[PDB]
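Since chain A is already given, all that's left is putting chain B with the ligand on it; use the hints.
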Amino acid sequence: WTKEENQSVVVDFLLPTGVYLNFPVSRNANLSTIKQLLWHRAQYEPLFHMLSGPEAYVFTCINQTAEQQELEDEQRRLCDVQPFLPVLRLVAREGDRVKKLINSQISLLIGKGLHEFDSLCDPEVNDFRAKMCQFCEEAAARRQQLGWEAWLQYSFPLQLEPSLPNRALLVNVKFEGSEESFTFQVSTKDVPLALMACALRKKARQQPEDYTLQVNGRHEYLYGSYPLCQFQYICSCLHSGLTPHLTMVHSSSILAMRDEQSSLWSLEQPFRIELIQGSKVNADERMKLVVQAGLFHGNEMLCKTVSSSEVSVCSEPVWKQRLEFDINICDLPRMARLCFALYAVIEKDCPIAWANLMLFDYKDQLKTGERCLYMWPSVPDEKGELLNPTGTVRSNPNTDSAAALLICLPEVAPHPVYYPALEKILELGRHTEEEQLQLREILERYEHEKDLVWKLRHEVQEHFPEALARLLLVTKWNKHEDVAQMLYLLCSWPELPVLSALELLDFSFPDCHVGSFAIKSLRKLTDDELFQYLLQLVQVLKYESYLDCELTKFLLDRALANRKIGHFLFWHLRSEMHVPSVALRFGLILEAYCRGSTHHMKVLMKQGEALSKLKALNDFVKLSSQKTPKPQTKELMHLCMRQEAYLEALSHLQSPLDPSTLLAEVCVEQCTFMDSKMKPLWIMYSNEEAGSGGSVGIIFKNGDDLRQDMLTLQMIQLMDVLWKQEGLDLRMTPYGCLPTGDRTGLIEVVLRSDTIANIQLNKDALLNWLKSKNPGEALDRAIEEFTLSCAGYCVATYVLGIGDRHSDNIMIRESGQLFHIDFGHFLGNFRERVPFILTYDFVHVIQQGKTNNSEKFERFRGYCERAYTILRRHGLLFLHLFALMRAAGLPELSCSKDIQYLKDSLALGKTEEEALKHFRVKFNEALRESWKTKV
Amino acid sequence: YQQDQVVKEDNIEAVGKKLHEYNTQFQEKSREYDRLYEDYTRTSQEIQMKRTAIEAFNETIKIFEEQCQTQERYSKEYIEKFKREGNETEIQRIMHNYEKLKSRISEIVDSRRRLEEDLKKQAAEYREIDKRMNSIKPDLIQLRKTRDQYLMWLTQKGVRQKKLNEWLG
Ligand SMILES: CCn1c(-c2cnc(C)nc2)nc2c(N[C@H]3CCN(C(=O)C4CC4)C3)ncnc21
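Protein chains in written order, with the authors' numbering: chain A, 12 to 174, 185 to 225, 229 to 230, 235 to 290, 315 to 400, 415 to 497, 504 to 517, 524 to 841, 853 to 919, 927 to 1031; chain B, 431 to 599.
There could be a bad hint or two in this list.
[Unchecked claim] Derived coverage of chain B by chain A (criterion: at least 3 residues anywhere in the stretch with Cβ under 8 Å from a Cβ of chain A; other residues may be distant):
1. 461-474
2. 478-486
3. 504-515
4. 520-530
5. 560-569
What the hints contain is simulated information worked out from the structure, not anything from laboratory work.
Here a beta-carbon is modelled for each residue, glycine too, at the ideal position from N, C-alpha and C.
Next up, chain A with everything else stripped away, as it sits in the complex:
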């Protein structure tokens, strides 16, 4: 392959005169050098006199995703290009190079060739691409005209703490290009505009609003109407005690970064469908095949589930049956969902496969004629339903080998029929108490209650706006009169808070008008808060029916206004492109994004190729770990990284874990791999532009699935923000962790730390370790850092139900900060309630080595209690967020029972006083159990 080999390769050259050359070149050779070697050989081949000079032509090749690629950048090495076959054609340089180059790079970047979208011959795909690519291109051009103030906000949005003493510690500042620097005094509560003016007084040769401050060694910029202490860097510097090094940068220099270009209700006949044939069915010949089918709107059925005759098992079963459902054509809601499941049964149960289908299409039209539904394999689960209505609408992309059900919807009229427009729905839709105390009682906390809420639906709108979701579920979606009345209320419904809107995005509310209302209430989000839920919102795309929806528009809108959100949107989508359920949908969004973000596209390109090399590097280390001992493998790992194609690819890129962090120069000697089942690579970095502790690491992990850990770290980060919003800083370490590919991700190395196993094993000892890292006066900071973190991670682990806690997956920083790692199991799994846990060794440190230190231990109890309390106040946020994560198909988060773990752990049913009394009893038995365990 190209990724590893340093040898030469025989390359086919096609000259534009029809002449053909065939000679060997180095895999490391760049395209400029190959064109020189080509011109030297072509001399002695026919028709040379008719060629223009080498600079008149561009190499074309067939790239790894089956598309033609104009290789315009000729500083790339042949190994980096990865042509399918080593074949290079010379063509004319002129043409529209911009569109052709972007399309090429988009294909290589999303891991799916754009031609595959065309191949489908789908109007919905073609309209989506047409609409979204223009919208994104429009936002990118509009961005490009705006000022350096606006552009710095897009490119490098502010990293502030949630948020204050007015103390003063000194600051180092410099200008761009100069060796010398000027240290001076500054208070914690100064505004950055003031800080620049101070620095601008260099001698007195002899204006500050022409500049911004940059944290040197990274893309983080201090600006705007915020004090110095609200920023993360200065706050990080002040807490650690370090002197912040900033850099003044000119408004002209920021522009240098910026300037890179680019009727139906009449039809009362009953709904039916013509089952015809099955194809490529793979079953036991002894049994017989049945096709169960049902209509759905979200979860609940619209009518009874019809079935077929027992036709005998083969590859190509034939039915030719009419299936008549108990519902009219006009009674069908907008989002009516026909759901099939092929079974294998004894003549007189085995679900073989399933497939869902929207009756109306993306342009509102009720579908007619034959459809070939390529089915998905049914996987058995604990709650084994007959049909799978929560599964995806999209076809199985394996059309060559996957089974399929051929059906045919009947022609209902000579003219086709759409679902009626909003105004026609609103038209037929306009048309103290005993009942008031009942409704209050139902909503403040079933078939009788459903019919009551329905009659009192207007009083729900007026007096119980936050109970919209309940009112939606009680609506009878199988009768079009009821549907219109509910949608009429929805259009005049008052705007709800973010929390309620998060509930409305779930699979239980499939109607577009509800989805549109949910997004409407999420437009009030800030980028920081939106980032706190970006993972959940991405997963909800997997419940969408049509490609072009309001949630895709929303996410693209926010991704184009904010580069950080765009960055993590990209990776959230990219890391699931291997999954055929979502490959098409995610592929189209990534395409739309890239077209609105050609600048960030160049950064993501570099990252993708680092990840590509690391995959190959880890595969080599995996193989050599089996073949040889580690020390020799560590050396053979280094020699592979010394290769220029590897070294340049791994060097000088923005980190996928944090795009503001720069990964400049690899420290090959410091690089290694961890002893673990998947042999994760430990890669270390360093940049001379940075200051103290500017030596970042990353962990490339291939083989395991890191989505589970990311969710856990997201939720710990969320807790930390909730706690920091009530002035409780618990010194957490919610480190970076990002899935990037197929069982592939990065994890942020936490510097100056070791596992508690290692500290205890190497020469009672935990407290001695902290003494060495915090001598004398410093030791008191370490214990408070320990106690605050120990409280937060005790509460965090309890709430999330994170089991398998032990010495080698609990770590401690040299600052004193405790933190947990490797969150492979959670919500009780390994299931059963994980108790609250206090460790004797941790309680020993907390008490400053003493047997009894009541004053300290009481404070630690206070931290645990206050932490636990704050999370209860925000309990519904955790449920709503977890409820949407059921979309992601994580094994340990798949149903209501997994959600029920959080309800019980946070005691959301019980009152606050009742919950606190139970928490103390859990705390107390944890304290008692701590003594008995260690013995």
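Positioned in the frame of chain A, the structure of chain B with the ligand alone reads:
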């Protein structure tokens, strides 16, 4: 005056002994299904990879067919133009260089052909993976229901959780 009988044994230890057996059989079948589902996904990914590579072979050949079309059109002038002024070198060099191009296409057609054979073979694997999986789902599901009926019987009878846990171990 009500009836339902899926439980075969009648004393608590005999039923709990059978709970352990059916649980152990269920986890073993679960493992066998999960093993096959990895093969299914891996094979599905590998087949997709091969189908993209076939398009890449097609698209390369397409480029070579375009080179032949150019060679035939473009050479037409010089072959005739240097027949008068007898440069039989030029003709012999050009036509051999064309024969050198044609010969390379046949290697690429062969390499495409070898891949199509693997995909046909691997498509037949995929179908046998799915065939094997579908003959395991009944056993798996029936073993899940039995395991649950036996647990229900023992719980109703009042058997303590510690006794249930040890059998499910
Ligand atoms: C917080 C990131 N993070 C992890 C980690 C690994 N996996 C998972 C799912 N999550 C987190 N682990 C560490 C870590 N480990 C020490 C002890 C063992 N070590 C080695 O084997 C290296 C030197 C050769 C180093 N150190 C720092 N951060 C870490």
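>> Tell me the numbers of any earlier hints that the structure contravenes, in ascending order.
In response: none
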